[PDB]
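Novice: Please arrange chains B and C on chain A, whose structure you already have, making use of the hints.
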Amino acid sequence: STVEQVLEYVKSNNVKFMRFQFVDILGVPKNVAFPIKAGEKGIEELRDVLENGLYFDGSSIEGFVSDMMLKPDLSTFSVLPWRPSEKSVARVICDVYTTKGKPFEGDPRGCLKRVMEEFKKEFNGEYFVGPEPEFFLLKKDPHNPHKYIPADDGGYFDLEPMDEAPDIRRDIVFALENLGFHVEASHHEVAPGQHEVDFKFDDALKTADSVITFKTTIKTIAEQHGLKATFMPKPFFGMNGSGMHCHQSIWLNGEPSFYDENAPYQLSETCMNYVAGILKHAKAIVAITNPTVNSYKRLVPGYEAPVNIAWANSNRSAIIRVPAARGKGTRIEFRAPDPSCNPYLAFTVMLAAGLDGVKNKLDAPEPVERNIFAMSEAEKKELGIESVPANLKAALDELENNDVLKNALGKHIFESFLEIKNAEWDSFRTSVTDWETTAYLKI
Amino acid sequence: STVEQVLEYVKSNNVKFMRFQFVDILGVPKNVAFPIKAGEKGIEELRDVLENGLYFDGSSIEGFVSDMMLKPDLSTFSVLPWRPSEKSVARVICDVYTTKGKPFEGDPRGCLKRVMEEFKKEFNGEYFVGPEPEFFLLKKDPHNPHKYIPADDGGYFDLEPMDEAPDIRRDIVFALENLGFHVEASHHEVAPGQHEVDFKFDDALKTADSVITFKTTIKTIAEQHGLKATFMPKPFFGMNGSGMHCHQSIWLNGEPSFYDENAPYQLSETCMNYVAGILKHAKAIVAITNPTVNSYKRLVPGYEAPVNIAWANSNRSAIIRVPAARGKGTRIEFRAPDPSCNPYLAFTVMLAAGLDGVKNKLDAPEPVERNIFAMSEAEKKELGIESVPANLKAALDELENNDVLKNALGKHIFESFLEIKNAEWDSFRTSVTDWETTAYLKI
Amino acid sequence: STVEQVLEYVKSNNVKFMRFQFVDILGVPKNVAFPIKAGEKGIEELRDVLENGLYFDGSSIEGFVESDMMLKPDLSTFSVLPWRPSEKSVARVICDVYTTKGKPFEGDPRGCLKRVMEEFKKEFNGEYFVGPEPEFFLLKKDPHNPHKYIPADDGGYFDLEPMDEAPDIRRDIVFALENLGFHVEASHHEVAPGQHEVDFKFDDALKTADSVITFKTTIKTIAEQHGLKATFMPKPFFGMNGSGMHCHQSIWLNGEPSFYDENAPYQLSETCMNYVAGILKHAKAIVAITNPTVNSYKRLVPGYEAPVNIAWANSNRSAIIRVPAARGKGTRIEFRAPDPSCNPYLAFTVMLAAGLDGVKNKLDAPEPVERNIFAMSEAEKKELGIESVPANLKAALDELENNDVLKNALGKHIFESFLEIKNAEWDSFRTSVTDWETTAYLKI
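Protein chains in written order, with my numbering: chain A, 247 to 689; chain B, 247 to 689; chain C, 447 to 890.
So here's chain A without its partners, still in its complex pose:
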């Protein structure tokens, strides 16, 4: 955890290779690997890089445009998650700094650190997130070796042999637990080949490091079994999509500020302010937490689709759900994000939107216990239940007009993300899709 422990770990295990890992604006993990020179000089050359960082050319890193630096966060040093037995190699997650020595403004990781460091300095506040990313395991179609189909025909909570991934789920969980990245339950999900890994309600930065570690590890584990793991939100029409429900709460002065014994639903005012802030900015949040064209194939009207901007105690058709846990466990659950989002940026925008509600003491609308999807469009207009954007472009324009989220992400991230994702949308809207060929070639 400190420099010495790291070095003594190197000297004890003959660590011959070190990996410095970071993430691009879109959440794709990146790393550079250098060797550990043997002998006195080598252990000191390693000390100089662990404390002062190393240089690298980030001109080809999406969202990073020049000479830059990576700065190890030594609290993340551990054995390679996908190669725990291999002790000769180690890795550490890094923040991105500039040549001068300041945190680079476009670093997704540094972005989450800043907002949590400002929330810690100014209000002695903590921010905890507990995500529930879903994914699909895939194999090739025996009839069409150029396509992929679900890995099994198992259902929700199913047992073997219908569930063909109990060992895979057992391995990804073991791999994360044995490294400190804590998780809770896991199970086969509704759709075929779909699964879920529930993460520990924990520090939002540690949890963002968790998610990034988990996405890479499940993929390598899957490949060992001749399969592929995808975090595509809606890989197949006609079956459930993959979401990442995010349970979150804030603490002020070591106190669960969301709990109030003598308040309605035992929820504090600060909680309602936080909920109101999430609902106020939802239409723009999803550009970050649902950042793909395919994301909005999951965000479509449905019996259980989190598209309606409202909160409820038990209703699942709402975009926010409040679990029954109270006291230290009081939390709110934002149900819209899918696992394709960059966790650092998603966690940033949910806190900023919630805090913006707290900073302005925003009033929260009545919880909608009725089913939003079944009620007609008039009842929705009456109740004032709006919906999230229908496509990625519609969400990008909501984000472009959100100053709360611009100040939260910063200019560089804000402007680069919009530019990269506007090009991503232009490519889609200009492409000739199969759906059209099926529909219109005969006319």
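Don't take every hint at face value.
[To be verified] Taking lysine to any residue and the SDA-like style, the derived pairs with C-alpha atoms no more than 25 Å apart in a straight line are: (1) C/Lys547 <-> A/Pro502; (2) A/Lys474 <-> C/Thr667; (3) A/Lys688 <-> B/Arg265; (4) B/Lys348 <-> B/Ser321; (5) A/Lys688 <-> B/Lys465; (6) A/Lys386 <-> C/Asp588; (7) A/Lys452 <-> A/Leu425; (8) A/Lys446 <-> A/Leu272; (9) C/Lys547 <-> C/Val495; (10) C/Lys534 <-> A/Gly573; (11) C/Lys586 <-> A/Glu623; (12) A/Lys461 <-> A/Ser662; (13) C/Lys675 <-> C/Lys727; (14) A/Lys452 <-> A/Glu625; (15) C/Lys483 <-> A/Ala431; (16) B/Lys276 <-> B/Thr322; (17) A/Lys446 <-> C/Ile489; (18) B/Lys657 <-> A/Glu623; (19) B/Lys626 <-> A/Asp672; (20) A/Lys474 <-> C/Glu670; (21) A/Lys452 <-> C/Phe480; (22) A/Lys574 <-> C/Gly499; (23) A/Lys474 <-> C/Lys727; (24) A/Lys386 <-> C/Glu670; (25) C/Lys587 <-> A/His389; (26) A/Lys657 <-> B/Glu623; (27) B/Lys262 <-> B/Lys346; (28) C/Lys547 <-> C/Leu496; (29) A/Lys574 <-> A/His428; (30) C/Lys727 <-> C/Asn838.
Derived by calculation from the structure, the hints in this document are not laboratory data.
Specialist: Here is chains B and C on its own, set in the frame of chain A:
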């Protein structure tokens, strides 16, 4: 042309089968075929149907929802266009009436007839259209027998052997000419396997009957050669799409009202009113003249894309172009429609928009001779050059808010088209497209 | 079995993963696995889950329609995974479903049996024992067509190897169940090709239901390890025997074999007769639960040994009830209608309630029918007042809808959900175009 001529044609050629043809709301042609009974009784049973129509169940005709009637328009009686040699069979284009005996309000053909009959009664005005539909000839992919590719690698105006459809173009033109449906030039177009057939500047109803006849005939001709003809607007990304440039003008009291010797560009005030009316309603017109999701893959920013709402004398980047012909040939050319549109409805909405400009003497903006696609977005905002909708849904909402076009199409057509095409869009936006799988399965 | 014993087993075996297992309304097993945290903290985090339960989302569990629910484990079922006994790092426990309020969920099939078994114990001091005989087919891909499945061997009843190609599979499923307390008895190749049968111990009805649930999963995993597939489909192949689950059962009042009377005819007590009259009086409604599939009724068709005729006998195989010759502590009745596709928790529940409904009301039983019911004409059956079970799934559901006894026993939630789900199941079959129809009618 009259009842007698038809009967004498039947008696001379031993016509044993008769086809009564009409069209649905989406322009798909439909027909029912009945036999001609031999002898005295049979020729009289035929007279009763030719003059009073025949019954039919239009509950399964898109946009027709009950017992209904078809009423032959005897000016369209001829030998089958796709079977000219076969004299035993004949056909006639029909209007749709109700059981009572009135023109059915949802008939696309009757819709165009009404607006032209009102323009003829109230202002002694004629309406002429000369379209230029493009299409693609297709063969199977030898490597993937489940896909289609262009029929040749010929270019614009190309000669054989690179042009592999000179005989096909020669046959479709002969077939239409030999039946009265007049056309002008034809040639291989820019894209591979693409072609164009230029229709005669003629009565807009006769021309709408022309187009419907042409689309069916080119398809059957293609099949004879082991190919397929498609009027899909953008069947292949990376090559030109298929449009239907519509040359149009109006005449008042037998006078070319678009020509004014002593006016700017020798264009009359009525012409500018008509142009202004087309530009004013363009955003809603394209929902009818570009009625598919794929239509807007052709309507995308480009060096020669007709997306910018403006007119010019020679500029091709504008949505309206004015040919150099003057006098009796003075006309304007709306460049946005693609051949997937229902000609009857398209011709209706262009006249209503143009006349609405005439009825209100609307001022026309300055012609934009500069290239609209090359100038930046500021110069466009300065010049006030707006763009047509980017997708089918955006266009449908413009049509939903256009009272000029609602009154032109009528309630039934207006409301059915929006309903059918809103469902068509919902299917697209909920489908998982190949583009997404290519882009997001690896994340 | 005790909270401590479980925790000691965890520490010594270094168990890193625990499985919470339950069942849905249709008898499909379900489970959730959570990692066992390291250190004394994880052991205490654990302990809290075993005594108090774990919250789970049951919105997507068939028959479990708020979404917040609890899994409260019955620690008497703790053990290694029966299908991975060598992997000590994993264990599982069967649970009951509770509500947020800490009360048994009224839609829990396991809890449904417990309720009726506890009521029978408190009010009459009665135990309920069931000994089932599930049958199953082992399948292998047809060499000529890959899509189709065919029997795994061409052996017959009681055959030996080589014709019997699964004495080692039958031996392993028995060894796996016996090694973990789920007691079983005989096993043998059945009549039809690739058909096999594992006889279970005559035991506590709830314990028996747990063994059945575990047996079904285990035999499927064993089969797959041999490149085969095991199925509990009642009639997978026309032209041969279907798979049934003969259920031997009996009740004991005040620790006495109440079914036994030395002085009464056939050495059968009045209580036995009242119980048989209760099973027979409600037979048509029971089979909706014990035979809950469309395919079940392709096994319940008139035949020499088809248990479709609502009657009982001491030896006849054509009756729906048979009384084995064993007397004394072994006096029991055998209900022949059920098949292994049923939910054993619900099956044993309705059988108990139907018999105790006869015991409560002192119903006079009919005379035993030793003559072959199928051999005799339709008038002879009408003369003897011998009625048949429903001929299809929908007819049985309608019988269940009109049976108050089985509504009280199953409870409202299960009762209505099962009827709503199975009516949809029948609606899907009746609207489909089967290959039988294509074969018969495409030429016309």
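Novice: CA of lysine 386 of chain A to CA of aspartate 588 of chain C, is that 25 Å or under?
Specialist: 23 Å, holds
Novice: Below or equal to 25 Å on CA atoms is what counts here, so check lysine 452 of chain A against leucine 425 of chain A.
Specialist: Distance ~12 Å between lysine 452 of chain A and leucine 425 of chain A Cα, so the pair holds.
Novice: Between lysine 586 of chain C and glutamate 623 of chain A, is the straight-line Cα distance small enough, at 25 Å or below?
Specialist: Violated - the C-alpha atoms of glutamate 623 of chain A and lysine 586 of chain C are around 54 Å apart, more than 25 Å.
Novice: Is the straight-line distance between the alpha-carbon of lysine 386 of chain A and that of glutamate 670 of chain C 25 Å or less?
Specialist: Judged against 25 Å, a Cα distance of about 21 Å means the pair holds.
Novice: Quick one, are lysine 657 of chain A and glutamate 623 of chain B close enough, alpha carbons at most 25 Å?
Specialist: Measuring from Cα to Cα gives roughly 22 Å; hence the hint holds.
Novice: Between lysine 688 of chain A and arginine 265 of chain B, is the straight-line Cα distance small enough, at 25 Å or below?
Specialist: 23 Å, holds
Novice: What's the verdict on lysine 262 of chain B and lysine 346 of chain B, does the C-alpha distance respect the 25 Å limit or exceed it?
Specialist: Violated: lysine 262 of chain B and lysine 346 of chain B sit about 29 Å apart, past 25 Å.
Novice: Starting from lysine 626 of chain B, check that the Cα of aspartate 672 of chain A is at most 25 Å away, please.
Specialist: Given pair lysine 626 of chain B, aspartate 672 of chain A holds - Cα atoms ~20 Å apart, limit 25 Å.
Novice: For the pair supplied as a hint, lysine 474 of chain A and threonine 667 of chain C, confirm whether the alpha-carbon distance does not exceed 25 Å.
Specialist: 24 Å, holds
Novice: Given the proposed pairing of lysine 574 of chain A with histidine 428 of chain A, does the C-alpha separation stay at or below 25 Å?
Specialist: 18 Å, holds
Novice: What's the verdict on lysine 474 of chain A and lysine 727 of chain C, does the C-alpha distance respect the 25 Å limit or exceed it?
Specialist: 56 Å, violated
Novice: Between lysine 547 of chain C and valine 495 of chain C, is the straight-line Cα distance small enough, at 25 Å or below?
Specialist: 16 Å, holds
Violated hints, in rising order: 10, 11, 13, 14, 23 and 27; the structure is consistent with all others.
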